[PDB]
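*Asks:* Below are the chains, spelled out letter by letter.
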Amino acid sequence: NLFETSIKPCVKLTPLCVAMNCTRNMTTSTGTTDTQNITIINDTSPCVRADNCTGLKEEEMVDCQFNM
Amino acid sequence: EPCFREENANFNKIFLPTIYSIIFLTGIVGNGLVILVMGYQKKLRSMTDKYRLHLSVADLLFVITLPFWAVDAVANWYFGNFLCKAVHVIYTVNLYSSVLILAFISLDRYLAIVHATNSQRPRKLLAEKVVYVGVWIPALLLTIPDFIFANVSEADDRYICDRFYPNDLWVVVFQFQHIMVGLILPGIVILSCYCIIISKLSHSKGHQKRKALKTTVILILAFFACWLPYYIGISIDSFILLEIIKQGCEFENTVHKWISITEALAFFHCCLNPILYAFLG
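Just so you know, the sequences run in chain order Q and M. Count the first sequence with the entry's author numbering and you get residues 90 to 157, in order. Count the second sequence with the entry's author numbering and you get residues 26 to 306, in order.
No lab work stands behind these hints, which were simulated from the structure alone. Just so it is clear, CB atoms sit at the ideal spot from N, CA and C, and this is done for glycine as well. Misleading hints may appear alongside valid ones.
Said to hold, decoys possible - Here are the simulated distance ranges between beta carbons:
id, chain 1, residue 1, chain 2, residue 2, range
1, M, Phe264, Q, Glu149, 30 to 38 Å
2, Q, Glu148, M, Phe104, 53 to 61 Å
3, Q, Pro98, M, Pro191, 31 to 39 Å
4, M, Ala34, Q, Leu145, 35 to 43 Å
5, M, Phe264, Q, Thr116, 25 to 33 Å
6, M, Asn101, Q, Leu102, 58 to 66 Å
7, Q, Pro98, M, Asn33, 30 to 38 Å
8, M, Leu290, Q, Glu148, 51 to 59 Å
Unchecked claim - Calculated from the model, a selection of chain M residues having no Cβ within reach of chain Q, i.e. all distances over 12 Å:
id, residue
9, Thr90
10, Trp94
11, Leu136
12, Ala141
13, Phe189
14, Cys218
15, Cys220
16, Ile221
17, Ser227
18, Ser260
19, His281
20, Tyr302
Work out the full structure: start from the sequences and follow the hints.
*Replies:* Have a look at this one:
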């Protein structure tokens, strides 16, 4: 109840399968060679502060249209 | 990179006030001597001299206020907002109007050599009535943004008098329009003027006579030689602020130090009218 009342969702969803047409926008980013060297990265590293440091991939987002 | 930084190098912190002070005193002495021998005495002879009076007046109202920059190069601007606004607008009007009248004397020599017969009243027209509307009026209407945006700022410790803009693209819009009105279009206008001057002077090699062009030639060559590295520096700073030539932070810091020393070198452009007058060249 605290979770539902504190942060209100913009969209509330109930279980019902609805047919819809969806397009696939492929966010393709090529990875380089995997480096196995250890890097104990702390908060004082230069990559975290610029927020340009190597993290997770960009997952492919999907746009869908539906009439309800 | 973690971040970017501001840092003035230690050598120019003493070197810039020396150049500023020497050009200050030779500017006030030369401009004062020129105005006292010419404007107060009305002892001028040719039509070029009135343009030299205008150069001296604009040079004065640059050079007496240049010691405020000599202070603020090493110290903090605890003077005021209005003083910073005033020194910036007068720096820009004396950067513009000198090039404007330097184009005007090239036009005057163009009118002198080829239209030597069918223009006498146009000389006094373009030396008396056209000058006010075509020199100071454009150089004042181009200086609205440093009247209306200029302000002082306390950024951390430092009281800074410096040209401040809402975003980065206004800076490169100013810099591109600045180089194109300060060097480029006077470049083509003056270059065409002297090209036609020598092209029709070559028709009269049997009658050389005057050779009074040499004063203006030495003036335009020295002025462009003083101001050109400042223009290429601000072009490089514009190109790095369009982020097309990115290499690193310390390259742009060296660009900043280059800008400081080349503006200091470009301030030599003050004492070219009175030194050439004293040499009678």
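*Asks:* Indicate, hint by hint, whether the structure satisfies it.
*Replies:* Evaluated hints:
no.: 1; hint: M/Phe264 - Q/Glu149: 30 to 38 Å; verdict: 36 Å, holds
no.: 2; hint: Q/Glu148 - M/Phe104: 53 to 61 Å; verdict: 56 Å, holds
no.: 3; hint: Q/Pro98 - M/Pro191: 31 to 39 Å; verdict: 37 Å, holds
no.: 4; hint: M/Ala34 - Q/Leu145: 35 to 43 Å; verdict: 42 Å, holds
no.: 5; hint: M/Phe264 - Q/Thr116: 25 to 33 Å; verdict: 31 Å, holds
no.: 6; hint: M/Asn101 - Q/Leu102: 58 to 66 Å; verdict: 60 Å, holds
no.: 7; hint: Q/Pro98 - M/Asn33: 30 to 38 Å; verdict: 53 Å, violated
no.: 8; hint: M/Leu290 - Q/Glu148: 51 to 59 Å; verdict: 55 Å, holds
no.: 9; hint: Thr90; verdict: 41 Å, holds
no.: 10; hint: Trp94; verdict: 35 Å, holds
no.: 11; hint: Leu136; verdict: 59 Å, holds
no.: 12; hint: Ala141; verdict: 67 Å, holds
no.: 13; hint: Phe189; verdict: 25 Å, holds
no.: 14; hint: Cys218; verdict: 52 Å, holds
no.: 15; hint: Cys220; verdict: 52 Å, holds
no.: 16; hint: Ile221; verdict: 56 Å, holds
no.: 17; hint: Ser227; verdict: 62 Å, holds
no.: 18; hint: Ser260; verdict: 28 Å, holds
no.: 19; hint: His281; verdict: 21 Å, holds
no.: 20; hint: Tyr302; verdict: 56 Å, holds
The structure fails to meet hint 7 from the earlier list, while all remaining hints are met.
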